[PDB]
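Only one protein chain is missing; all other protein chains are in place.
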Amino acid sequence: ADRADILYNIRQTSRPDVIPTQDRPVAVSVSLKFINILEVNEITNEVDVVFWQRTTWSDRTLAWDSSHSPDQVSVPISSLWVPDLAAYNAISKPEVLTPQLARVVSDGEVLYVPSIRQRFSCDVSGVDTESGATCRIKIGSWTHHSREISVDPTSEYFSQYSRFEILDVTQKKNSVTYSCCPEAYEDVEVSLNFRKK
Amino acid sequence: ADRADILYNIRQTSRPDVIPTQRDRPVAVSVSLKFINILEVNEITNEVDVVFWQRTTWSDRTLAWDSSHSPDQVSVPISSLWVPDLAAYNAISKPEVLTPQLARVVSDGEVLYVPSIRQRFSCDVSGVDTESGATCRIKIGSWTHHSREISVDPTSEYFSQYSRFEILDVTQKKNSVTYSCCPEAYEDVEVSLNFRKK
Amino acid sequence: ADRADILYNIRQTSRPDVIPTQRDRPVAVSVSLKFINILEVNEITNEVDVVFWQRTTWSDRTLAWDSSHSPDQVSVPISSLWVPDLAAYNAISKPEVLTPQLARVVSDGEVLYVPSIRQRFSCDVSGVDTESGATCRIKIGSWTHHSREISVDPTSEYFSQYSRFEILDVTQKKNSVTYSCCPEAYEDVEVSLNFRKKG
Amino acid sequence: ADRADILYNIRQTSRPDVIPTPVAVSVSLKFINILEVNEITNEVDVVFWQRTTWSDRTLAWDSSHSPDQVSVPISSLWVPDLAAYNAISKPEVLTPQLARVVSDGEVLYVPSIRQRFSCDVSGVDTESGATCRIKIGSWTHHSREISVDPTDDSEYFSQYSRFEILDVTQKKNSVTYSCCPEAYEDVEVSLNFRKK
Partner (left out) sequence: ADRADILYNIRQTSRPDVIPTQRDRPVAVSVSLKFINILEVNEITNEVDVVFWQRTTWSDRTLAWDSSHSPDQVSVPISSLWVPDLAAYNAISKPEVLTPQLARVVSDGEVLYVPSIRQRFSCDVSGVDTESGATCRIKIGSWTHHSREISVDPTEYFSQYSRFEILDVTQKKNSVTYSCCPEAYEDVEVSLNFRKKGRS
């Protein structure tokens, strides 16, 4: 089997609209790497950031034997199921800056790392101090509760040319629940502690 | 039945372009806005930029399945379902949907759609910097379906603490509009956001 | 016949790319703007940003069905229908459609499309801050269909009370343009919005 | 044959991705508006009708007993890959993306375009005015595949612009690149304009 055969197989087997549960939730790993802080407004409490959203999960149906073939291919995400992640305090659409390609590994692991520019409503107070501001970004599945999707977290790539610098990034698991229903929604709370240089 | 079987059944039965009227009764659409943010307010132009969750529910009993030994809910892309053609009458920008365009379908045939929307409105911003605050009225209804086809029924907890504004009161009242040409009435929800600068 | 049957039949007979000329008659397109808002006015650059409902009606008799014992109207996405290729000649932005892109089809074959449009125009903004106000003229017609293929016919109630501007008068007059090349005439409606800044 | 039959036939015969061979493409700009001029950055924002004609004989039909012209979406036709070499924004097509096809196989496409250009704005606030040169040609087809031929410059120009047109000149030209022997044909449109 050559690359074309693996890709043909993935396209004919992929169910983009069907969460690939093995009765277990799909374990989605999410890690933000901050690349840039572009605009900060201490009056409106708004930030414009660029981050790589490292996103991994498993779809065992996509797996193939790679003893005598490539163990990884690039696949357009429009061909694959993708977690329906959203940032709860986003105030703009995520602008994906990068090619919308995922990597599929022969064991069925899927890796997606879009570079995203997005605006958030978060605490910008203290940005011009030594201690800096702490902007909290909550990312979770919009429509899949904890029995369907679990979200697990895990300044190296931050631009030296930003007016801001990063003091600390903290990535903590959290859970939200609504008055209506017993369903809990898992999220990652990403705490970006940063300040003006 | 697994998730794929429920979704294939929904795909084969759902007619995205056909309102699911039972007999000649209207489809009862529930609409509830939850305000998340007030981003830009202009007291001179009377324009406000808001973020809200538009909780939208209705019934398509043709989609129903037995969930005794199966999942009782799935996520479905809205392009596979009929969705109410709701619009805000006093919007001055396109709705920016911030969230994945998936609905939930429940085994009893309930459909639930909760987009997070950023949109700009023309409304009364006068008094925003006072104690009594401003009252901004948002009218949401079906653009093309009169009251015999769609009825719209209404029903601070999630408001960002980091907004420059705070919410005093949200009221959701049912209302109805009619045009000189025709006897048809269009139902809407009038959402009254009473808010002020902190 | 139920709504699904009417919609199936419309999709089978509708030719979105084919003007529905009955005999070899022009398709009579009715156009009526209802101004909802005036957002930005620049008296120096002579530019206005407006919101209007473009009430647009025409006949496609091939879509007709018997509506004794069926619904006499349905909502249909405009991507399933032929739609007039109307353009504003002094527009300087693309029309931003604010509303769902659904038309109403009546069982006699009448089609009604009422998009809410935000668009920017180049027009006369002089006098906006006076009592007599400015008169901004918007020219709307078919871009590619001359008068033997499309005729365009015209016909403050919904204006936002919260605008900084107020409407004194709207006039809708039929007009016709012809180009040096060809004998073909293009019909338009000239919509004259007389408005001013409030006291 | 009725309109539906002409359009059905165009869908069966048209190859949007195949140049209908050089194809002689006629290009003529009519300036409608000058919106923004910046003397410091040498940038202009203009609105123009790009009158574009060519022949695709494969589209032809007998019109003795049918319409001799139809409107066709450009996504159904081959269209010249014309670009402005000194554009600094994407062309914003303001108008419905329909061409006219004549029964002899002539195609006419007249988009109204808003676009920003890098060009000489020096003298704009003088009596002699500025001369802004806009170079339009095929991006990927050299002169053996596409030839570009030009055709009252102020007849359609908005009276409400802060600017006025003194002269529009449309001259044939050619570009060639260090790599290759191929020549690319262009029209150089010289817009002589000034502040009122």
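Worth pointing out:
Each chain carries a letter (A, B, C and D) given by its place in the written order, and its residues are counted from 1.
Definition applied: a residue touches a chain if its C-beta (ideal position, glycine included) is under 8 Å from a C-beta of that chain, and two chains touch if they have at least 3 such contacts.
Only one residue in the set D:55, D:86 or D:173 touches the chain that does not appear here, and it is D:86. Between the chain not shown and the residues A:1, A:27 or A:97, the one that touches is A:97.
Of the options A:66, A:92 or A:159, the residue whose C-beta touches the omitted chain is A:159.
Within the entire complex, the positions of chain D that touch the omitted partner chain are 15, 17-19, 21, 40-43, 81-83, 86-90, 118-121, 139-141, 145, 178.
The chain not displayed touches chain A at residues 3-4, 7, 11, 35-36, 38-39, 50, 74-76, 79, 95-99, 101-103, 113, 115, 117, 159, 161-163.
Please note the rule applied: only the chains that are shown with their structure count from here on.
Averaged C-alpha coordinates give centres for chain B and chain D that are 44 Å from one another. Here the CA centre of chain C is 27 Å from the CA centre of chain D.
Residue positions of chain D touching 2 or more other chains: none.
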